[PDB]
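Chain by chain, the residues run as shown.
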Amino acid sequence: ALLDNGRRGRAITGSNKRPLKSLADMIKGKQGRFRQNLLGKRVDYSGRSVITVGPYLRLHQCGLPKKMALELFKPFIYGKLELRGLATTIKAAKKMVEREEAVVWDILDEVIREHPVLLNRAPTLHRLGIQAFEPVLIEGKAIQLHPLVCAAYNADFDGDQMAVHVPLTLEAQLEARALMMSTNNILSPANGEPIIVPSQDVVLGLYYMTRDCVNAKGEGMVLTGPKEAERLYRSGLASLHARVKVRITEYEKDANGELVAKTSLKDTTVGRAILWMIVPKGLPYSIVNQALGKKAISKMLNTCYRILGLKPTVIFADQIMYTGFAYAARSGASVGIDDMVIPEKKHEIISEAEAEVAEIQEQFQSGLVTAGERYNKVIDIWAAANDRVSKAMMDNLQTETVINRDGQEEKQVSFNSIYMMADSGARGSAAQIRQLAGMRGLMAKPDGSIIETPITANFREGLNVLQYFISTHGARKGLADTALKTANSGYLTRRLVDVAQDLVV
Amino acid sequence: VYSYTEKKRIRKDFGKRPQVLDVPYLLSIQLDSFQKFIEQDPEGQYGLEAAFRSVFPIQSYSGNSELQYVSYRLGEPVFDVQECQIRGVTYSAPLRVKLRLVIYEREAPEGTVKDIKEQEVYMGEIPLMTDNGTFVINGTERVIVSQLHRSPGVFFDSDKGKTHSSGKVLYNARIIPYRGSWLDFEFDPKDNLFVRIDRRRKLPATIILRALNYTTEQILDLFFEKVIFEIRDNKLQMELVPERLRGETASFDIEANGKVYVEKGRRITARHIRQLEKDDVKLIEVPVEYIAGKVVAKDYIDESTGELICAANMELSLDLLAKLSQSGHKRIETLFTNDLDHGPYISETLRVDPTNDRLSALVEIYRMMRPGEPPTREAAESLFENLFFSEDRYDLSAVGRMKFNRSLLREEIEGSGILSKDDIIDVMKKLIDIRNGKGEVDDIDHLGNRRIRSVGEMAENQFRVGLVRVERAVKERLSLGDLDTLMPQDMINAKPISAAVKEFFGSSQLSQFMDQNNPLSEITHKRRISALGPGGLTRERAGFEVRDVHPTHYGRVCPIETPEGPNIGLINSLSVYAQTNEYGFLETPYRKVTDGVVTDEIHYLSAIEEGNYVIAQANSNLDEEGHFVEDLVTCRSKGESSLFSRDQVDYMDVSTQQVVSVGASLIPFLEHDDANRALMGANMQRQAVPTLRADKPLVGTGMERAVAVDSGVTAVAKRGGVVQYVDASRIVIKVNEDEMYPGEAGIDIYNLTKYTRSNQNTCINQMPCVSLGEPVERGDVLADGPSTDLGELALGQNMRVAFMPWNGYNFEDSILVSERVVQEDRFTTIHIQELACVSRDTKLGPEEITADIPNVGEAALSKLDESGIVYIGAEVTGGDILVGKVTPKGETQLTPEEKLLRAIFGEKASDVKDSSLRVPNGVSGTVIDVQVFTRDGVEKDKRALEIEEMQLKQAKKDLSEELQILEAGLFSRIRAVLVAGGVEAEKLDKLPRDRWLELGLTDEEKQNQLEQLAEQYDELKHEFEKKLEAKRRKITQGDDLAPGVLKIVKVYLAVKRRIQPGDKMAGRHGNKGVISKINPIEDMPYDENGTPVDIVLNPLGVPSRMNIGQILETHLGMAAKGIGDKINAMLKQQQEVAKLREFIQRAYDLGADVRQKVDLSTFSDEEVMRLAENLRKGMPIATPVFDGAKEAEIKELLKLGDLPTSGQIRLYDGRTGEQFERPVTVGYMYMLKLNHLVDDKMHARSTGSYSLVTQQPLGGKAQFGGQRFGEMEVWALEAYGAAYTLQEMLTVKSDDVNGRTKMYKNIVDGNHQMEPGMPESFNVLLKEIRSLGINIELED
Amino acid sequence: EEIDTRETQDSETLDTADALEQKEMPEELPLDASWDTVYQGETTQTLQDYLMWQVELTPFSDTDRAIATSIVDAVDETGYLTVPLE
Ligand SMILES: [Mg+2]
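Residue numbers (our numbering), protein chains in the order written: chain A, 31 to 535; chain B, 61 to 1400; chain C, 708 to 793.
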């Protein structure tokens, strides 16, 4: 029992019917020395708190509360106070820091000038879960995070927390700067694609500013350059979507490495000419003369990195984020109940499908067919009806009619807010819009079989009790499966690390 | 007709379907269960009576004496619920039981009554339930959660061929009682039956049958059939039954009466069987080879030889046929079987069965149950007898018996609580029938197979568990002979029972601290169902299919409100209208449809009974007289839904909210939200924090009043009357005469709860909502509780919100908040914290709580009174002294230096050391309450006396309030009597009342009446003096404390928390976020009139989440605020009452055939003006969960308030004044502040305290600990290649003891360099491995 | 008291495929993380610990540091030196 309690026969328990822990229990298990104290441990010079967004930050900066930074950097502040005669003994510096005088804040701002910190979010699935940033002291209690790194952390601002660590020695600081800095980890180690790509609001703003309209204010005029276009837009004399001609000068890399410039008149819009002012020299003008979605922006960043290098790519990404946020705010893009426009043919299609189901039910009652064949035919009929409804809804949603310059009528791409959000790639997809404005469709029982009667309603008009109860089966099944699969993906990654731990170039 | 509380502010309802059943009391499940436990039961089926009758009488081994139970009784509690909560004791009642000890003589018929002795004995304390379904245990309110477990009885199952690679099912049956041992039967891939007891070693199924004193012939007769072959002197001519030949082929020539019906090589078909039956073919000649594979039934003995021809259950051969032919045996018995049905399973099991007797089977059972010890016949017999056939170790309860009988298709519902031979035989036969291919297996997740067990049952079970131990002790201590003087009180010790009850009520897994964030939290907690606990499941072994929504959940278990995480699908919420059977099964109400007419009769159906009928939906149109409008209606029939005729409908639903729980019924426009987001919203709605002022939702569902009133957080009038006295802390109601009892002062007094700490360190505070002199009725609300507004639940605030991007500050669920929201304290909360100082007794002398601490300055003692305790109202911060205490430091030897110190600085300094209670670092607040607990016999200080005086004042006040009314009535009677006879008129009322007593009248009945009145006056005075004395005695009683404890002092600090970036906010639709920035007022977007918005929300969060309820709620909130703005504008410029009532009538009449009807012609002008005053901040609106408002109605209400129909306006940028290019959705939303505050999250460390063994930093913010750097972080650092960062993380930051000090010194000196060493945990590991006897060492 | 223990104990040999095959949830997460992503004391600082902490951060020499170590060792809990300088 002393050596290994419970291994042989019965186990000696305590007063509360709990088996006593022996030496083997201290050694093995997930609570033993190896897992709990030797492969990982708690450390000093660390903190944690909730994260918010800082849209003004640069890619290499983070926002650190100064009440945390005062505690984290305490011995550095002691040394700096003693170094300039403010404190003659260690207790004097200790008391000054305890009283929080007005000079300790200057000392603290001096000691963190170039001193990276490590931000970490759990769980750490790949090496981009820990990164290094330069601190900026802020007022408050939350940590501000750059919007372009969230995808690497898989983080969102609805309650997540992060931990912060301070490197101490010169080697650790230089490793943080030269290896783990966010401005070095631009490409993905798994596939090589950029991982600081913009998303959501930036994508929506850049997509909105690079679209064109058939008859917009100030259409058809000739401009001397992008600066004149910006002057016209800011004065209210031209629309952001007006189709104009602009004189553009573009540079191209030479065979020997030089940049050669060429100037020409381009047919473009005001917004594209305005956006051209943040593009670095060396890239063609064809990269902005279109409506820019997520894929186009990713291609633009990748082209910039492959042609020009690292630092221009970082500057370009910061400028892209700023411009996207500004113009997304300026657009006034909102969401309303009238944006989920429902096609007028929905009831006719549903009635036709119901008529077909009724006639096949009559045919089955006549005994001509079996049960499984009737079930399959009903499923096929409902699937075809759902496809027809989806196509009608999408065809109605994606176009609009505008008055031409001469007074005619033309068809153009819609400025519907939901369609703009889905088409650019900022948020949403086709299936979700179908659920919003078409029909939910066929559902499945928990075993997996398909229920014959689908949900013919969408979320704009609302479901009844039966349809909602039917949808709950799939909702809970998906939620339980998601909650379960993580515990085994962890098994997989642990085993993969264990088998290939020591392989080194 | 509206009540007084509701008539002050009427909510406009958009529901259209009439309600035929009121929402029941929401806490019935707890109250009914505990009432069943505690009530007096004439029979012995429920409660304490059943537990007593299940053990007593207790008879000794000799049988000369026994104890008998007569009855029980519960005494009144010593204290009340409020008194128990203040004193920190348990609210309970003492249990008194009448026992009777009887002694019997010897050598006399039956049992001679030698002597009897009856005594009432004390069994202990039983905790009582409050009026709100809680228990006060050690001064804290607790909730016991109901359990959903598996019903007792027999269940049949079959693994779906996954165990064996051949894909063959293995059927099994299991019998589980309410209390006893399980019994399992199972099949094998070789079609062999087997029996398991208590999940132990597998045994053949014949062992049990042989243990029941059965023989092989009897077994074969019970299971198999019999076939009689007759010797007719020619080749064993057979009487053939045609039915035996179905699904078979003839191996010979079948012929009868010269007609060959079946030929050799021709199989017998249905036509052949029909022809044989019609011709009545009996005599059939068969060859000898036909009996080559038959199995004999019984044993035949040759008469001439006297020996045995063959044994039971054996095959036959030609030689055996020859032997039996010459033995004169004209009949042979075989077992009729086949391959398709009637499969041989018993015979093969008999063959594999080793035993062939009765006594050896019991020995084998004993070896299985208790191996490793010599077997005995008596021991095995007793073990088998007590395993299943003893009413002391095996109980199959009433529900278990009912399920057992119904599973086997019996005719009786009631029966014995133990198993018998017939039950086991029937279970075996049913399992064999399932195996043969007839019958179906059971569905274990069906709600007809799962049962609800509440607190009453659990308390009864634990009480019986204690009672059996008491009985065992009594029986051990009764064999001795002392009957002449022994008493029942001496024989029983009431410690085990009380200990078991206390353990169950305080430390069970299902007994928990009540969730007390808001009233909804408590309502949800008390209606919770758990599959876990003692006798349930575990979240690791639960599975995947038990966590799914079942069709039988409809109307009984909410399909939405469940936790997300490990416990998903294991914790459930009761639906609104759900109940339980008398057996513990959930049932739902339905309306009855008779001949196509929907009636008002309500029937409660369970899951089993529900599936036999066709039940229509509640979304079904009806006529005035109650006829279905259409002819095809959607209905559920057998777990599936489809269209049915009008006359094929049996029942109909009663409500459109019958399927959801209470939390889900509070989400407006729920039918437009996705189910996942609805789940998240229901979870987040019950962790909102109450704010300084309550604010009604302004867009609701109609369930707010029920939740507010049934939760018990408000003050509700017990009787009708008039508000006689109102104050911020108490209300006094003068009761109506017709509701008064004879001989009493008709007043009710309500003392309100002011600024009290809750279980989550929040504020509980009640405020009156009635005015002086106004009428009230029974059931009216007099005072609002936390998160309650005029009797309605109010969890958050109404905010003016726009949906647009704003410069990246609402990126990825971030929230932008205006500064006006902060300036108005709309999300400011109050938090209350408790600190305790305990003064104990030591061997060197007792600790003293004193204000004279020798080693502190005068400034640090300014906040302490003369008793050494802080003043009420003091503002304290970290480091301040709350309670001053000193501790003896021993008897130091009087050295000359010590004598000098004592001489110069005094003696008090040299005798004691300071051990005061101080505010922890980083804590601030105001002292609002101090409590002192003193042990009996210890002297009380000044502060305790002051507190006791304050307590006595209130009791004196209440008693005086009653006595004044009583004495005024008596003196009015005295004056009235004095009027008739010698009336002094003004001379009578010139003197005070007491001077009227000292008067004399004529010798008529006037003097007798005056004497009677004076005697009654004196009696009244004496009675109230007795009441006051009893109150004082109860108040000034001492406190029972832990051993070695002298005094306890508790201090309460209150602080206010304002909103700040990092705080978490949410709506009701699953939209949660974190505040990112507080924006100045002139930077916010504003409209044409210059009105800014309060919140800015990102529109990109709507489309992917598919929670469209928030957009509709925003539009409807805009419309409601517009109506309120019209009313407010009408009130500001004083107008006629007629115009106001006309406009309000127009507002209330809007809709499309809504059921609500409001008529202002029956309202007085004062009531109209009061209603208009309450509506000037927006008209509240109700939309039920599946019977809400449509878009057309919302647009009509927008038009009424003169607002745009689309719900979008033009906004202007605050910073530049430029118009946004597109219209923006602007409206009102109900926002909540969640209990995730960034004040409680931020934490940092530089150095601190370390563990003693591992020498590593501690964990947690409360310990000022560090952050864990786990294996995955190490992998990330390895992938980067940062070796020095990892090494410094592993050694000088965690457990390199010398390296820590060197690193700190070097950092202070400005030399950023380390000298790593060996971690201490590796040395600990080396020592631990060496302690196992293994030699591990560091080499070279 | 002693009670029987015969329940099987999971080990590493359970293959990765079998982990995903099982419907049940693991008793303890293999991954070094909690469900959201023996007692020992603690060190206390005495007067002598504080004094030695201040000695460490003072510009002494090796001989002076040894003298200071001896002096601090010779200091009782009332704050007085208990031995003569000899
Ligand atoms: Mg999150």
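No lab work stands behind these hints, which were simulated from the structure alone. Misleading hints may appear alongside valid ones.
Below, computed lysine-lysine pairings styled on BS3-like, alpha-carbon distance capped at 25 Å [as the list claims (entries may be wrong)]:
no.	chain 1	residue 1	chain 2	residue 2
1	B	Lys-76	B	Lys-1259
2	B	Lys-1321	A	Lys-125
3	B	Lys-1259	A	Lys-515
4	B	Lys-76	A	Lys-475
Exercise. Do the alpha carbons of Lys-76 (chain B) and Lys-1259 (chain B) lie within 25 Å of each other, as the hint requires?
Worked result: Cα-Cα ~21 Å, so holds.
Exercise. Taking only the CA atoms, is the gap from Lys-76 (chain B) to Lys-475 (chain A) under or equal to 25 Å?
Worked result: Roughly 32 Å between the alpha carbons, so the hint for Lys-76 (chain B) and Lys-475 (chain A) is violated.
For this session: Could you grab the alpha-carbon distance between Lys-1321 (chain B) and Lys-125 (chain A) and see if it respects the 25 Å cut-off?
Result: This hinted pair holds, its Cα atoms lying about 24 Å apart.
For this session: Sort out whether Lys-515 (chain A) lies within 25 Å of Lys-1259 (chain B), counting only the CA atoms.
Result: Outside the cut-off at roughly 51 Å; violated.
In summary, the numbered hints that this structure violates are 3, 4.
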